[PDB]
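Produce the complete structure using the sequences and hints provided.
Protein chains: 4
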Amino acid sequence: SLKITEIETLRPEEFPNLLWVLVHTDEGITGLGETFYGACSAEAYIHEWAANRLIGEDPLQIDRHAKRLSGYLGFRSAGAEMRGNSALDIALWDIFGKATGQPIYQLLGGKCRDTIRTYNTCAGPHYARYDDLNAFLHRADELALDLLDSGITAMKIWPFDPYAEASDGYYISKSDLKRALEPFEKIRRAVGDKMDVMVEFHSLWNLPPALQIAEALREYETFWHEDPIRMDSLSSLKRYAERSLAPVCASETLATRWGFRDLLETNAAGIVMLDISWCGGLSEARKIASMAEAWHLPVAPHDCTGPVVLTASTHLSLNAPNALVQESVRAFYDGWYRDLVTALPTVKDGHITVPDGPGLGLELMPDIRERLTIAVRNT
Amino acid sequence: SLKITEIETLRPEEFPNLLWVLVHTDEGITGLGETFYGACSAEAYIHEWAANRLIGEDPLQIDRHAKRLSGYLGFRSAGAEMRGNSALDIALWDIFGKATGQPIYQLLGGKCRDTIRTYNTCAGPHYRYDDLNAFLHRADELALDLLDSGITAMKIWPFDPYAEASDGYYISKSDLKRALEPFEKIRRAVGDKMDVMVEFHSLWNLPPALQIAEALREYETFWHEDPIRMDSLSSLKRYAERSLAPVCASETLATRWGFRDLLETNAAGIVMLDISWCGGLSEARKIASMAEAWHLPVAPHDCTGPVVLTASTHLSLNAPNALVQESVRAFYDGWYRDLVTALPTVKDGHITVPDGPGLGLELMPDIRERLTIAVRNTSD
Amino acid sequence: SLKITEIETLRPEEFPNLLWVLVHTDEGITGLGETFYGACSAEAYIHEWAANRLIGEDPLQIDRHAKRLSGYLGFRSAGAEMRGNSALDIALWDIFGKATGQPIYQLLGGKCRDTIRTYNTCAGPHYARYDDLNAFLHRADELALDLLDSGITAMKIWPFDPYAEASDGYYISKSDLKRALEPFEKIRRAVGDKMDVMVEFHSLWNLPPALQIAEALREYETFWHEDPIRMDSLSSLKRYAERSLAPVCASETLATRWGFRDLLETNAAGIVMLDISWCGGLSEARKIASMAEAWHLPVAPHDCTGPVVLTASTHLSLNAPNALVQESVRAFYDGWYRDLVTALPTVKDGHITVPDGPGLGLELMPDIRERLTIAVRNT
Amino acid sequence: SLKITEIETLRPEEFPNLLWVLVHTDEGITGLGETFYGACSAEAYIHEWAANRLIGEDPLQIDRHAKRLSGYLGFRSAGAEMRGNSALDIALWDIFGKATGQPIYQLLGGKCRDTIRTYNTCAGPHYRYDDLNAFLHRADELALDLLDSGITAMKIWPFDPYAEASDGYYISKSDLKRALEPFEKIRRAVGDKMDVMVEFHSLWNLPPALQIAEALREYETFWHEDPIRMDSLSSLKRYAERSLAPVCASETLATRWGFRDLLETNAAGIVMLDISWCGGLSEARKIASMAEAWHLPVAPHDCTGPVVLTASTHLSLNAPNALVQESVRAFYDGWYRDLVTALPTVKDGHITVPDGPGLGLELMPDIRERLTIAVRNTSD
Ligand code: NA
Ligand code: NA
Ligand code: NA
Ligand code: NA
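Protein chains in written order, with the deposited numbering: chain A, 0 to 126, 146 to 397; chain B, 0 to 126, 147 to 399; chain A', 0 to 126, 146 to 397; chain B', 0 to 126, 147 to 399. A prime marks a further copy of an entry chain.
Do not rely on the hints blindly, as some may be mistaken.
Dumping the calculated DSBU-like pairs for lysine-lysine here, alpha-carbon to alpha-carbon at most 30 Å [said to hold, decoys possible]:
| hint | chain 1 | residue 1 | chain 2 | residue 2 |
| --- | --- | --- | --- | --- |
| 1 | B' | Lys305 | B | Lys204 |
| 2 | A' | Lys192 | B' | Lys66 |
| 3 | A' | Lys212 | A | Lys204 |
| 4 | B' | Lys204 | B | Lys212 |
| 5 | B' | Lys110 | B' | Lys305 |
| 6 | B | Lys2 | A | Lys256 |
| 7 | B | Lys2 | A' | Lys366 |
| 8 | A' | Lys66 | A | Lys192 |
| 9 | B | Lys256 | B' | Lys192 |
| 10 | B | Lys366 | A' | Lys66 |
| 11 | A | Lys256 | B | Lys97 |
| 12 | B | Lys212 | B' | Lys196 |
| 13 | B | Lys212 | B | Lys192 |
Pulled from the structure, derived: some chain A' residues nowhere near chain B, Cβ distances all over 10 Å [stated by the list, open to error]:
| hint | residue |
| --- | --- |
| 14 | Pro15 |
| 15 | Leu21 |
| 16 | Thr24 |
| 17 | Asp25 |
| 18 | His46 |
| 19 | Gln60 |
| 20 | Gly70 |
| 21 | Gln105 |
| 22 | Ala122 |
| 23 | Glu160 |
| 24 | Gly169 |
| 25 | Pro177 |
| 26 | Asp179 |
| 27 | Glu388 |
To be clear, the hints were calculated from the coordinates, so they are not data collected in a lab.
Here a beta-carbon is modelled for each residue, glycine too, at the ideal position from N, C-alpha and C.
Listed below in structure tokens is the structure:
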């Protein structure tokens with residue numbers, strides 16, 4: 000059986016939010032993990048604390064390690080400790096898969112579907147003619163027809179974002195509200211009943227303007243409202259949910275079963291959203307999904323980040339019987355993902371599936387440190 | 000007037016959990032912050048994200064910056080982001096103090112007392148007061164010794180070693196009775212004269228926690244601290260119901276939002292608070308004044324670095340609902356003494372601030388020479 | 000360090016609701032406080048009880064004094080004891096500022112904004147062509163266009179007030195209801211989406227007609243409903259909030275953190291309103307604001323009173339990260355404030371800021387006892 | 000028929016907390032009111048606002064005026080406005096009584112008893148019954164002495180001096196045992212024969228209140244009165260749960276609305292009530308009849324002036340749920356005697372009204388001569 004010898008972190012300079020982890024074993028089995036945001040603080044944590052708790056150990060003891068890496072502080076949120084733990088955990092699943100010859104979805108309990116429906120989060124490119151941010155801001159009819167043509171039947175937009183800063187999310191003017199409604203009018207004209215529109219709010223709003231916005235959005239029969247208020251105290255959420263026609267999607271900012279227990283006790287969510295690289299790994303995300311199912315709620319795994327999180331989320335979305343949609347960004351997977359990894363999640367007719375092979379079914383391409391400026395670190 | 004020019008982090012390898020932060024201004028006024036645990040991750044956060052939000056800004060905009068530094072992730076407990084923010088925050092209060100000529104307790108709203116009662120967390124030294152080993156073995160002696168110096172409260176943690184065998188799901192009846200023996204020793208020695216508060220370190224889950232609390236009922240303990248893990252807080256009222264001692268919670272919790280969640284349980288008796296883990300003096304101000312509305316006392320956490328002990332004592336002097344201030348005698352008579360220009364003074368079981376504006380201390384001016392200190396810098 | 004030597008109260012005969020307090024020290028630092036309504040009973044309290052508890056003492060011990068002045072009776076409301084305590088407290092903050100060279104907003108924790116948006120409460124003058151009461155009663159289209167022209171984007175009106183007396187707030191007729199709706203129709207025609215309309219109810223209504231009114235107001239998308247029922251037992255409020263499209267604004271009648279704890283436990287308010295001269299001073303108002311923020315609620319500080327309360331509230335509105343609007347009356351600050359104090363809050367383009375200088379940044383003008391008939395009292 | 004012509008306030012400087020109010024009519028019928036604490040502020044309120052609402056009106060419209068005098072601010076507890084209103088209210092009931100030839104207890108709905116059981120609040124005299152010092156030191160003796168006159172209940176407050184050292188956030192275990200010593204003395208002296216009710220004066224916050232209540236469990240006390248501050252009432256059920264004695268609350272609370280809030284907690288056992296602080300006989304009528312629906316007894320508060328003691332006794336005779344009537348023997352055998360034409364009679368541990376319409380007393384007709392009395396007047 001395997002022993003963990005070495006942990007490597009990679010911080011690519013041209014994507015400064017991205018962090019890769021490599022876990023090495025004595026038998027030459029290497030796991031790939033990934034998280035996003037606060038790369039340096041996550042990296043610093045893994046070398047300061049986390050690496051010394053798993054060097055020496057069997058990597059297959061995945062539940063034991065997740066519990067062991069749950070530290071004295073930072074357990075109740077998606078902080079640097081949590082994001083570092085989550086990336087480590089994805090890699091341990093990659094090892095598990097390679098050691099057994101099994102794709103991650105099988106190790107989670109088997110697939111329930113061959114593909115899952117995808118939705119396009121309309122972000123623009125990282126440094146394209148997928149300029150989807152400015153396309154929703156100005157040309158949202160055109161973006162909708164374009165998306166529908168490729169077979170994508172769902173999109174996520176965030177036009178209320180600019181109005182948050184002026185008032186610290188305490189106020190939206192009535193005419194600023196109707197201006198931010200204009201993307202919703204445009205796509206209603208263009209494609210109508212054929213597109214699901216998700217609204218993202220980025221946790222930017224407090225309670226009175228959130229309610230005011232939700233009432234204005236009733237007309238447009240939006241698919242979900244994501245993070246409409248900050249998920250700090252969750253007792254404030256039922257107030258929002260009561261007044262929103264669309265279900266609350268919550269929340270990528272939330273970590274672990276305990277974060278999600280707290281959400282499910284509100285009776286306010288309609289969609290349980292998680293990011294596997296923020297929430298405590300595939301380990302916690304496994305268990306969160308199966309909890310959500312007991313409350314009759316679907317899970318939507320978060321991407322919008324690196325290629326590995328998209329792949330790992332897709333594994334979870336293939337496994338979970340309550341999985342609904344898998345988030346993807348067309349600007350990302352046709353764009354800057356392409357150089358970075360040996361295989362990608364395959365998008366066809368508005369649906370997405372895993373790359374073939376054990377574990378993730380991808381690696382970092384062998385010429386990665388030559389292609390990008392990569393700050394590596396070793397323990 | 001003031002603009003922030005430069006932020007410095009200091010990591011001494013003799014105390015590798017410890018992080019100092021220095022915030023420099025154009026007019027040559029510098030503030031001192033501190034936080035404890037995960038020093039490299041908190042430092043990396045400061046230089047990665049927080050420093051650029053702060054460099055060039057007015058440091059007196061303390062409420063504004065605390066809100067600005069509340070980033071997209073990690074706001075819901077005491078992670079690297081939260082500890083970095085809190086250290087940064089203490090240093091902003093240090094600046095405010097020296098720019099107005101006022102101590103921190105005044106800028107919080109003035110003192111309500113001259114000194115506050117201290118209690119001794121019976122830890123052993125870092126790098147005599149052999150206080151961990153004293154409570155494990157000779158707990159009668161340690162009690163009598165603390166009473167002689169005038170300290171009328173101790174915190175101990177004798178249930179700790181029994182947690183790891185069972186992951187906090189089980190204690191045997193005989194291991195429970197052997198962990199109770201530190202309580203009987205001091206009952207015979209000092210009796211009425213000492214309060215004893217039990218620290219549990221979040222190590223226990225529900226059934227053995229209840230089983231322990233029932234056993235401790237006899238010994239009339241002063242408080243039960245972090246008796247289960249403070250992750251989902253809904254579970255706490257079940258503990259509180261069955262515990263004669265009030266629950267003290269929690270150094271692990273961050274911000275008004277973490278403490279709203281705690282106050283909603285109706286389960287806490289003492290609101291505990293670490294200013295380096297909870298969102299700075301900024302949040303801890305406000306948590307204290309919230310807790311007063313629920314008729315609860317605040318007890319600020321130390322057992323850590325000297326700057327935290329000093330800043331907490333400032334808070335403990337200001338807050339009308341402050342109960343006790345944690346201190347560790349092996350720390351303030353020991354390894355604190357070399358590192359800073361002044362210390363909080365402990366006399367007759369009671370503690371007060373060093374004199375002067377802000378915190379009323381700086382780091383020793385030759386600190387990089389006595390100690391091996393890894394420095395990092397960010398500037399204009 | 001300072002010692003308090005003398006407390007003076009001033010009751011100006013021509014504004015009989017107004018009370019000023021002066022706190023004197025040995026070093027010649029003088030603080031200005033202010034409250035409103037029940038001037039004689041507040042004044043009588045400060046000389047009977049409160050003055051003897053703070054003469055001798057350090058004025059900078061502001062938290063200690065607020066707690067010390069919290070007496071055996073009258074702590075749960077905005078009674079004479081509470082209003083006297085609040086005025087004393089503003090003055091102590093004025094001292095604190097002068098002793099340190101700092102404006103009050105800095106002592107509260109710094110500004111978060113340079114100006115705050117103002118809203119015009121449409122009261123008429125105290126004894146103008148700001149006849150704004152009768153302007154909303156008859157000419158509300160004209161008042162709206164006029165307000166918008168000066169750059170003011172929010173107004174507060176109270177047209178339901180006349181109908182309260184006939185039934186003791188237990189009944190409004192359906193046609194009396196539609197007559198009181200006429201101000202809302204008029205401004206909807208005139209300026210439409212450009213004005214926020216706040217409704218004040220003056221705690222005049224009980225539950226069935228309050229609900230009846232709220233349903234009639236749904237159409238007009240009002241900004242908030244202020245004190246729609248009497249804030250005596252707060253358990254009755256969720257019933258109203260459930261049925262009101264507009265958020266409950268509550269309440270200037272409520273005092274201290276304990277009054278506001280009780281409000282926040284209802285889950286019924288959308289806007290936390292306080293008057294610093296009724297609620298326990300800047301001391302309590304500090305802490306109320308930061309409580310409200312934890313429930314995702316904004317604060318709106320009450321004016322409609324004397325110049326000092328407006329100034330002190332503006333200091334709080336500059337400090338509080340959750341501050342929303344600062345109330346002002348154009349008839350007051352262009353009118354009868356002008357003679358009374360050395361500097362005023364400055365209104366420009368629908369926004370308001372503090373006068374410059376330590377503490378409040380104003381004094382009572384040195385020739386005040388010559389300009390007005392002032393009953394002074396000394397301890 | 001009747002119109003109010005004139006309202007007079009009387010402030011005697013020998014009893015500076017005390018306020019009398021006299022309401023004069025056109026037909027020469029005058030009513031007597033009273034309130035206690037903050038006399039100058041209550042007086043100033045009466046002449047500033049309340050007198051103009053009342054002068055020229057029918058005094059028999061008692062319900063109408065109580066509602067009319069409920070002003071914009073200060074309705075939510077016992078402030079100057081509330082005490083002024085309550086004094087004004089008692090005087091309106093005095094008028095109603097003399098205009099119909101009926102005592103107040105009848106106009107409330109008739110008596111349910113001839114006398115009511117009294118209990119002695121062990122205060123010392125104003126300006147022998149040295150009853151405060153008696154309970155502090157010689158509590159066995161005071162108990163035996165009260166039992167000889169036939170009084171089978173005392174109220175004491177021995178936890179009071181320990182509050183101010185810690186702002187009610189802390190009691191030491193030894194200070195607790197020394198404050199328990201008044202309870203053990205009377206346990207040995209009279210035992211079963213006395214009920215002892217503990218007054219706490221709203222001085223304690225939550226953890227020490229609970230700690231005290233647990234210690235008092237042994238002594239089977241009759242009630243625990245104002246054991247925490249009655250500001251936000253949500254906090255009370257936590258106390259009630261842990262207290263063997265029922266909670267008595269609260270003289271500090273005003274009106275039906277204050278008492279709805281209390282009754283909603285499910286935490287009170289005895290509804291306590293001061294008619295001069297709570298909104299008059301008008302509100303106290305209705306509070307009593309509310310409390311009966313929750314199966315709770317009312318105990319009206321005195322320890323104050325003679326008119327309040329008389330009016331409360333009227334209430335205690337009327338209310339089917341009246342439990343005891345507070346009286347202080349140092350007051351009614353002492354300084355009350357000079358001031359009024361008649362007093363409530365205490366015999367065999369039981370108290371009743373003076374005979375006659377309204378209250379059944381007036382102020383002594385030469386009162387301005389025996390006492391230095393600051394008068395103020397308002398009229399047509
Ligand atoms: Na999102
Ligand atoms: Na601790
Ligand atoms: Na108002
Ligand atoms: Na009493």
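Honestly, which of those hints from before does the structure not fit? Those not satisfied are hints 1, 6, 8, 11, 19 and 21.
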